[PDB]
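Take a look at this one; I'll ask things after.
One protein chain omitted, others in place.
The chains carry the letters A and B, assigned in the order they are written, with residues numbered from 1 in each.
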Amino acid sequence: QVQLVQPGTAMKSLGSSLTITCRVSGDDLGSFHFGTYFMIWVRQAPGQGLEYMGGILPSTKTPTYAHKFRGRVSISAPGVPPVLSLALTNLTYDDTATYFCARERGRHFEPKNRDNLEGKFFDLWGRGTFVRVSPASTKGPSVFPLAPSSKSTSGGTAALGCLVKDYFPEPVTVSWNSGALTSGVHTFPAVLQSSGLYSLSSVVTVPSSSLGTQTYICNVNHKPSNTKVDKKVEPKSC
Amino acid sequence: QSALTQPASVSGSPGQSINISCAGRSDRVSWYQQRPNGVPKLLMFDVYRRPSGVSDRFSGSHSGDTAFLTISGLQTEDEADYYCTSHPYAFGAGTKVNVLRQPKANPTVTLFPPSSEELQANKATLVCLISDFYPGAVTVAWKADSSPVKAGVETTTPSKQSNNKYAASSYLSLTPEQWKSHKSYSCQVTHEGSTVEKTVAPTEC
Partner (left out) sequence: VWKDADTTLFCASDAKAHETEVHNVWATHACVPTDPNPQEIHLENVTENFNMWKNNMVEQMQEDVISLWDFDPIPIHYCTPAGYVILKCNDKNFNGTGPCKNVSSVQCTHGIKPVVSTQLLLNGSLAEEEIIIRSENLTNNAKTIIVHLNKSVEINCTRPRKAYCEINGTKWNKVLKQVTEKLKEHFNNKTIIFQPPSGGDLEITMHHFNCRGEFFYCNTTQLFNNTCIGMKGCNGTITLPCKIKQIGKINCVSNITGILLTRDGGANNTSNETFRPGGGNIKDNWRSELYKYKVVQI
């Protein structure tokens, strides 16, 4: 019944501060009351691995940190029932990540086999708080042409596209020839760069026989920044 | 506070058996299962001890210096990210386990050089588009001539297309000088033991 409760999401601007909390719930026994368990924080950037950043044993007022997070982060746990806190300051785009709280099981007895276990593991986890670090303002995309290439397509076919560079926030919609060109279109998911900005590509596979006479224009729309771009994609000069 | 190495990915059909190594520390090792969009879950602790609720299909083992996790009779439920740690705490890189539900398919790789208009804006982006592969686990490596390039590489998580296969994009940002100073640049995509390498050159029009 015992659970670690976390807020869920936090939308913050670059350079601001934030304090994530992790409180116990359903603690009918009062096992957490005296802060006997070592409580940790774990970071996980989008599509990356888990990072142990430190923790604290609330019965003591002494937190501990990993080398990477020693001087960058503040951990504590004050309160009648200890509420685990993680204070971040001067948020960067690199701080954009999911933050889990977790308990170290610690010393305990296993009756079924009668074994005294050290409990150097994390049995109980919070749902995680996803912190999003955003720029102070919106940004329109820079659109560049991806000129037709037949090196990786089927016979008598060529692939052309548009590179939609550095925009914020999502989404951006891409059409071709005012929505007249549908088949063969593939708009790839955006990448989130270390700059806090997005970029994506939209590519369309087209008959090589049409490049000479058929115009191809990608229609890019970025509502949040009130930006529209119709970029003509031409064959290269050889 | 010690680096633990894990293989990036491993795959198997339903019923097969696989291994996940935890190089370095074979003492007091814990394993954690993270299904897609899910919370990490304790699978194993003290190298070989299983929590109640964890199937006996999972098994722990050590070989002196390296801990191991065995999954006998793979099932679709096992598809997840597996993370290893010892004491003092420090999570390993992690391993993606893909459980095949359809036949393997290697990626189609399309590499675009920096456009002339982008070069005029004093910028340069190599676009490496990767599609129609399965399972959704690939490694993308860039090369300036023959030597690797880590700086300025931006690669996305692979996501599910309409056909249950996967697509991904990788971008390499360069200066126009870096672009024109090398003989060629290559995007190298590794997938299920197979490699696909496309190469572009500033010389080409």
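Operating definition for what follows: a residue touches a chain if its C-beta (ideal position, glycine included) is under 8 Å from a C-beta of that chain, and two chains touch if they have at least 3 such contacts.
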item: Chains shown that the absent chain touches, full complex; value: A
item: Of A:8, A:26 or A:111, the one touching the omitted chain in the full complex; value: A:111
item: Of A:63, A:119 or A:161, the residue in touch with the unshown chain; value: A:119
item: Residue of A:9, A:16 or A:31 touching the missing chain in the full complex; value: A:31
item: Footprint left on subunit A by the chain that the document does not show; value: 29-31, 33-34, 36-38, 57, 104-109, 111, 114-119
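Just so we're on the same page, only the chains that are shown with their structure count from here on.
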item: Residues of subunit B defined as touching subunit A within the complex; value: 1, 28, 30, 32, 34, 39-42, 45-46, 49, 51, 81, 83, 85-87, 89-94, 108-112, 115-118, 121, 125, 127, 129, 131, 154-157, 159, 167-169, 171, 198, 205
item: Residues of subunit A touching subunit B in the complex; value: 40, 42, 46-47, 49-52, 66-67, 100, 105, 117-123, 125-128, 142, 144-147, 149, 151-153, 159, 161, 163, 165, 186, 188-194, 199-201, 203, 236-238
